[PDB]
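Given next, in structure tokens, is a single chain: the form solved without this ligand.
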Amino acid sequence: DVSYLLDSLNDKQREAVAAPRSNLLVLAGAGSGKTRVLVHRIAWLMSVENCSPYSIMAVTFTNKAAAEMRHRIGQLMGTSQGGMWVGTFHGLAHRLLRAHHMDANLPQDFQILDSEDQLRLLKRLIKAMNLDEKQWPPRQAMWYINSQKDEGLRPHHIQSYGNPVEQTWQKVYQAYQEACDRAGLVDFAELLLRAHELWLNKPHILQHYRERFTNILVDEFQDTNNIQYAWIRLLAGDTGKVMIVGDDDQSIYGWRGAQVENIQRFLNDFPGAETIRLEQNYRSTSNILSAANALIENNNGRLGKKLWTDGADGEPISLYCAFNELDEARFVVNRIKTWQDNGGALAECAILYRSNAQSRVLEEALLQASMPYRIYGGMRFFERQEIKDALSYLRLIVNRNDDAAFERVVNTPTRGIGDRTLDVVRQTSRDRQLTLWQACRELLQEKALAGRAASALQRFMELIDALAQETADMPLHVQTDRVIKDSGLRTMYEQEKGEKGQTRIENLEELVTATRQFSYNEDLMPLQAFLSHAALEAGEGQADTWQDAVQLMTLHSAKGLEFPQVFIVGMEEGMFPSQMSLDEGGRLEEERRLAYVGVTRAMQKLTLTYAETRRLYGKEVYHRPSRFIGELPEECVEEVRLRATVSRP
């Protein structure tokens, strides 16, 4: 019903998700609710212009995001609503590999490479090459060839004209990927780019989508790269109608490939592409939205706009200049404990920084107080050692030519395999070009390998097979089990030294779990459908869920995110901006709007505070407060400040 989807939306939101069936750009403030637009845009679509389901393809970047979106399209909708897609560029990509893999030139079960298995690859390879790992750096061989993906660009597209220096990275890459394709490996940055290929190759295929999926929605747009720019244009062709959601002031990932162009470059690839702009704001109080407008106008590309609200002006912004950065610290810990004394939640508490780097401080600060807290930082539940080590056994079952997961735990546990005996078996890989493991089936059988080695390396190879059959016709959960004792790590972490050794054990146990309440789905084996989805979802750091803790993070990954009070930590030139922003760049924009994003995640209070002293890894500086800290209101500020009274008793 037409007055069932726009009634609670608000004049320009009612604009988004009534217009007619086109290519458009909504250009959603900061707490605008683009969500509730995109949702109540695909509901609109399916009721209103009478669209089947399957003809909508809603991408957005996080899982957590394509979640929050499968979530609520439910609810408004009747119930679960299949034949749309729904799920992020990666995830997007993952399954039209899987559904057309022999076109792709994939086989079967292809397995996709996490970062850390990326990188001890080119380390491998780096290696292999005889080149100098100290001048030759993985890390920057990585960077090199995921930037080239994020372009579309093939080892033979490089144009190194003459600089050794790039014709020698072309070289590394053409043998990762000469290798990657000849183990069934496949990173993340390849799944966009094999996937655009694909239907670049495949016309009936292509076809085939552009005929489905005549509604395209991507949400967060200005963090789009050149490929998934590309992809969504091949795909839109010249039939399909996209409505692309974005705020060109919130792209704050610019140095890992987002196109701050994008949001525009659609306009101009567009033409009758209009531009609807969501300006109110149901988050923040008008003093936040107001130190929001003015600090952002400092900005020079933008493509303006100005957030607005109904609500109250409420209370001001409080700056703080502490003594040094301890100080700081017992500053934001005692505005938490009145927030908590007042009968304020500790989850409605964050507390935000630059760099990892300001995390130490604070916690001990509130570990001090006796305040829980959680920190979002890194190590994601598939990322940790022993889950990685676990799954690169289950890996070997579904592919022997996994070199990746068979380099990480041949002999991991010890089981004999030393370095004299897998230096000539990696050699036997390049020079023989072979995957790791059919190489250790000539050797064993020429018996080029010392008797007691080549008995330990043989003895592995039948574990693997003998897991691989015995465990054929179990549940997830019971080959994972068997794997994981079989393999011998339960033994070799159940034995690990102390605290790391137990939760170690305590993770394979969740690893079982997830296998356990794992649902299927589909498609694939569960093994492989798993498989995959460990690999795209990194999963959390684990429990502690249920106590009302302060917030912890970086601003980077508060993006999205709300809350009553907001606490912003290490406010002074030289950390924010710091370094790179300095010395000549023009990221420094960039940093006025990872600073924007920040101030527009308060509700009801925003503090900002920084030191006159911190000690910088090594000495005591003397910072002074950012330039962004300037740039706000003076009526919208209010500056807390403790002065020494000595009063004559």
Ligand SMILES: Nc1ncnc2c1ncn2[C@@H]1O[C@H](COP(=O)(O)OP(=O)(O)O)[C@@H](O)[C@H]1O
Given for the second form:
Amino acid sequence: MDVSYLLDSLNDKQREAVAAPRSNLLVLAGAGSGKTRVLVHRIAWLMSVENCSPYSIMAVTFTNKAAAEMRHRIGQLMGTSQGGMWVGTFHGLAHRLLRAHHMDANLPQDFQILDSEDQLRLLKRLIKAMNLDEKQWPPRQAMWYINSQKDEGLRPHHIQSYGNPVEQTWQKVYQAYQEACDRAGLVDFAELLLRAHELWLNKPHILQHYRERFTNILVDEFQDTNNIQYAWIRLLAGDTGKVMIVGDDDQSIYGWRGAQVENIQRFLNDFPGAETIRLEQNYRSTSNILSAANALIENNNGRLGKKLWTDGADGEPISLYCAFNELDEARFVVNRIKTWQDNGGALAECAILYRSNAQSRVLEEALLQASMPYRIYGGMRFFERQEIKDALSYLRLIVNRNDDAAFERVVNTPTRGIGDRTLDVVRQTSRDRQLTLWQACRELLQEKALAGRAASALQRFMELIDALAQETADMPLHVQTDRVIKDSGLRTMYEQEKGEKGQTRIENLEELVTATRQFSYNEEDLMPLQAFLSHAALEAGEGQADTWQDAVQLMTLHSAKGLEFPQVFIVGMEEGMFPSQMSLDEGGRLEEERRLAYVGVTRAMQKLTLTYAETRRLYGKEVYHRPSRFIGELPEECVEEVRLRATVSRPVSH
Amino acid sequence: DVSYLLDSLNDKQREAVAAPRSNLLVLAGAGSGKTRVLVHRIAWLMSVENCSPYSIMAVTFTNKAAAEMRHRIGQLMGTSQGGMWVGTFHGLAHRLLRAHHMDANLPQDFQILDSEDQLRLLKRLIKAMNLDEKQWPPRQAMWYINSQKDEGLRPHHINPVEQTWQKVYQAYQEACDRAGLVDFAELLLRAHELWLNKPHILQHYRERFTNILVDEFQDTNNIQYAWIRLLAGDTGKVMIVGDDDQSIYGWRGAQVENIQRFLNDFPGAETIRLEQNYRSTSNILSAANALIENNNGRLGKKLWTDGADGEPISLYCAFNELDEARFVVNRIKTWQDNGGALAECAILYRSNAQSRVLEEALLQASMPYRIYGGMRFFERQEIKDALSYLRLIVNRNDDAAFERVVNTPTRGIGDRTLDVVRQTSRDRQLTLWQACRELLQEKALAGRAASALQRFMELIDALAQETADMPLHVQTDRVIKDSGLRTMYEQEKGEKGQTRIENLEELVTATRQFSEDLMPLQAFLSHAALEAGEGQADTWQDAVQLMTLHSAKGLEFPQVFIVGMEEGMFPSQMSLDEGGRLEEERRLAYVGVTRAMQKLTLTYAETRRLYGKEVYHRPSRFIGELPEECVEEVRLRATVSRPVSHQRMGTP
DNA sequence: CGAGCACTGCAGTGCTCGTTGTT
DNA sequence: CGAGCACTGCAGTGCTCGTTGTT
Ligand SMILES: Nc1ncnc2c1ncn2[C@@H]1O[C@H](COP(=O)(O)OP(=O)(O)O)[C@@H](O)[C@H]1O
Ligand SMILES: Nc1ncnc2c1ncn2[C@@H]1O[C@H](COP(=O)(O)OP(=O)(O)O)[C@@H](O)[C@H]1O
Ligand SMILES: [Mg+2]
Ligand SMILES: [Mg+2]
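Now the other one: the form deposited with this ligand bound, given that the block above is the form solved without this ligand.
Whole complex next, starting from this chain.
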């Protein structure tokens, strides 16, 4: 309450932002200048000084990590006493709005979210069903196309081709794709955002209701917003809502998904009386780390520059280690962390960052061999594991037979006599009759259109699903899950998967029961099954979340934006890894990789360590990458090359 | 003794039996005692001419006819037959090749290749020669090859298509001789060549067998004739008996000209004709005569009898095959109920497939019966498989046995794997087991395959030695179990799986019994091939006799029933499609009718199912050829329909 | 009616080629 | 380098098509 406790630590610019009149404001500043601090305290100020209701506040951002950071700080300052307040990601809040107004959004209340793997599989099926050649029209490319369209709020009709074969056909795939999804009750990530926006365009009363409620909007890491997210925010505010956005154009790293830097300027041009407050003092890092970050970003052109200075001492130098290979690299990092831990440092204060999720495997193996606890975020996590996807598909079918993605994944898993031929018929019937896979089956059976054994095998499957639905129709989430895993036969085929592969695999199925068991959700209303499935999709990059045990934090450079750690290790500092080969294979996606390097460097509070491997094996071949150009861009006085302690063993003559 | 031998004979039979040693032909109609003469002649040669039993060879074509000679010889001379050779051409030829395999150029335990096996191999062979199966039917090759051997012709021979078959024939021989396989025709030809190439061997037999007697001479084809002619040379004395009106093997080389050939070639050859019939009633005999008279080129013959007319020939029109079968069982039941023996009843048919519905009706009526010919016990799938494992144990080169059980039970050796081994043998000029031995040794087969194939070769070797020191049946039972066949047939769909498991049991019991120039197992195997038609050894039990009209030639029964007397069955469609097929079929009907001693019964169905489809045949023309006073149709209604006077109407 | 064929499901296998991040 | 398949091989199953007689 006491305004006094809200402003004490804040400096000149921070106070100006926090204690400002209600109005559209942009807080623009480099990393670690306290923008998120300003955002959280602003919320506290709006509630105590401007007496705004918690219910009129919306705090939003793109990534789960940054949203969690906002939420955590909001809890510590105002206490968990923040009911009525919406804090989450654009996808999360969109999902929320959609569940609450599914009818107006033209969606079934229990719609299922389609993740990337599911979306790619559906597309691989649709394309083949359209007779299109595989290697000719990649489903991956179709996915990029479709998602890019949705990133720009464009539906199949909004766009027309002018001959352009590739364009006109991708257009057909997109039409069929949308048809299959709506018909199956499926919603992909991009659909959540677009549908949510369309909701307020088609339902003026619904929008009015929200414009009346959310009069205070706050967006963190604004430069992450793409066009559909920007539009959504603009709409919600109208000419009555007061918005505070904080961000840094030097940390723009989502150009590949529609987030353009112009968005910051657009806010200044579009929102009523919008103004700018620039923060200039960094509190996160040592001068050594900050000086390196500054020299690095300076290498990008086209930027009105920013101050960013600190009071802190130079601190330790930035370590640079040239590893023998990727294995030595991982072992070195673990060795360094052990030392930190042996001297009283928490493992959770250590982050290991990398450009691509594929780099975590070797790090993981080194951590495991050292019996050092760790948590990995992003990439192939728990809910994306084969056995877990299989288990959830049965539950998904129980919730909705029309779930074509679920149907395809387990209709014949474990094998039950329903081979490719039979399924090809089913898919053909869905294609021609414009029906869901389960729908098509119902007919092909009530028309004796299939062979004897076929229809019989297919009939049994449908009976097994209908059975599971009734049997567990009342069971609590976790027991229904235990049941399904056993009765589906999945538990059986996995036990006898042979090797240590099947063992860990059966454990994951056990861990899933626990997850559904310990699952906690609250505040409108959604059944446990749906709420769990949507959580597994929206916060998949999270996986299982034991968060109290001290453990090393592993994640991409992207997922780390917004976070900070006393010790930071950035591995794979080599041309072809970071910058990524794709950014190299292009001429200037380099400034964005450099902005990502800037993000990486500014995560370190006390110590930053950079590593690169003379050689590593990629795709069956040994490669000798050049050292990343970002290393040389740092000031030599801030960097200290690591020279392994000289030794000597027992003399061996001959 | 002498007296007994002549007491019952008529003038002509006596003349034949008590004649000096010389080449003689006894030509006479059915049932005139030709076989009686042949048998008594043997006794005469031993008592009066004091010829040694070791100098006598009595041979004929079919197992039934040979068994008939064997039986009468035994009833006339008992045990005074030791050293005497009595059997079939294939049988005696087989005994010779065993006793002189080295000189015949055959392994000690060569395996006889029956019809099924021969055809299968020819299918595998033709495909390997990249020949189009539909362009070169394996059935054609079989007909070609055997027909070639019926004449004693080797793959040499002297046309476009002619040269191809000639080649198929060549590969076939090489394949067989390599695997150590001998087909039925190979037995006759090889036996004959054995005398053409081994003078000292021929001399030994000409010195031993100075007395040759052949029954049913008109069954001899060209290779069998040569064989006999050669054995007799210019020193051996021969008696051949037969009747050209009973020539029914034209389809396998047997020609009427052979009887005349005998009179031309054999030194001092003379003919003696018998005329009196002692088998049948006058009714049956006159129907037979009217029947045979419809064939042209006949010189007459026509035998008679002193016997009374006896019962007429019953004619029954059945409503379908099943009714035909049940009607016959009904008639036989009455015969039995009046003290008649079942074995005095024979049910004859044109083709073996007709026995099935008959067997079904007999089983349903719990009437004991015994079938000869066609798909017999040793022809059964399960029995064949079990005997194939036994064959590979006696010779891994047995390609027929190999490819039959290599993947039965299924053991991972699929068709793809086998196709490789096949082209391997085809080009490497070796057997299948030899191709597998190599390919495996010189690692050329995938890990999955190679591990299964050898796994099989290992199994056989195990079985081979594991049972080399035990009894036949013990060895059989063992091989049936360890081969997996037992387990396989036990799970086999309960649609017939049981009976098959029961047949395998019978196989053991059969091997358990069974009755010395060869090992027990090789004797059993060869018997199953040469006498396959006999099926399982018969008990003493009284039972109805079922067999084709062909197999019945030489036999006689108080009661004879001939079923399927329908156009399309007898004579069949195929008999109206070629030269003198129809007349040969009529000769077969003459043979059928003349088997009957007291009563003959002819039946035909208004409808029957052939290859599944329902047909409606007209009664056989042979029925209409019989004199109406010899036949009495079986009434299907009791009253005589009242004549229907014409009603003068203009309505449609 | 009964022996081979055509089909379909399933397991074991070399062969190809993507190849950056987040929801 | 390894997921994803395209292939290949083996089997179980439902349906098509036709052959005298003997050793
Ligand atoms: N005025 C201040 N006094 C002391 N610490 C501060 C102040 N402002 C921010 N911080 C601390 O500095 C660190 C980085 O600031 P942060 O909010 O995360 O920066 P930004 O969001 O701009 O990247 C945090 O540990 C934060 O708690
Ligand atoms: N002279 C005879 N007196 C009495 N019965 C005879 C006489 N000759 C033959 N038989 C009997 O007549 C029947 C038929 O004679 P069989 O030798 O079989 O004729 P074929 O061989 O000429 O067809 C037999 O039952 C036979 O034992
Ligand atoms: Mg921040
Ligand atoms: Mg006779």
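Residue numbers count along the first chain shown, from 1. Basically, rigid core = biggest C-alpha set you can superpose within 1.5 Å across the two forms.
Large C-alpha shift between the two forms, rigid core held fixed: of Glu315, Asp423, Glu116, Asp103, this applies to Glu315 alone, with a displacement of 2 Å or more. Once both forms are overlaid on the rigid core, the distance between the two CA positions of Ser55 between the two forms is under 2 angstroms.
Core-superposed comparison between the two forms: the C-alpha position of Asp544 differs by no less than 2 Å. Here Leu366 counts as shifted, since its C-alpha moves by at least 2 Å between the two forms after the core is aligned.
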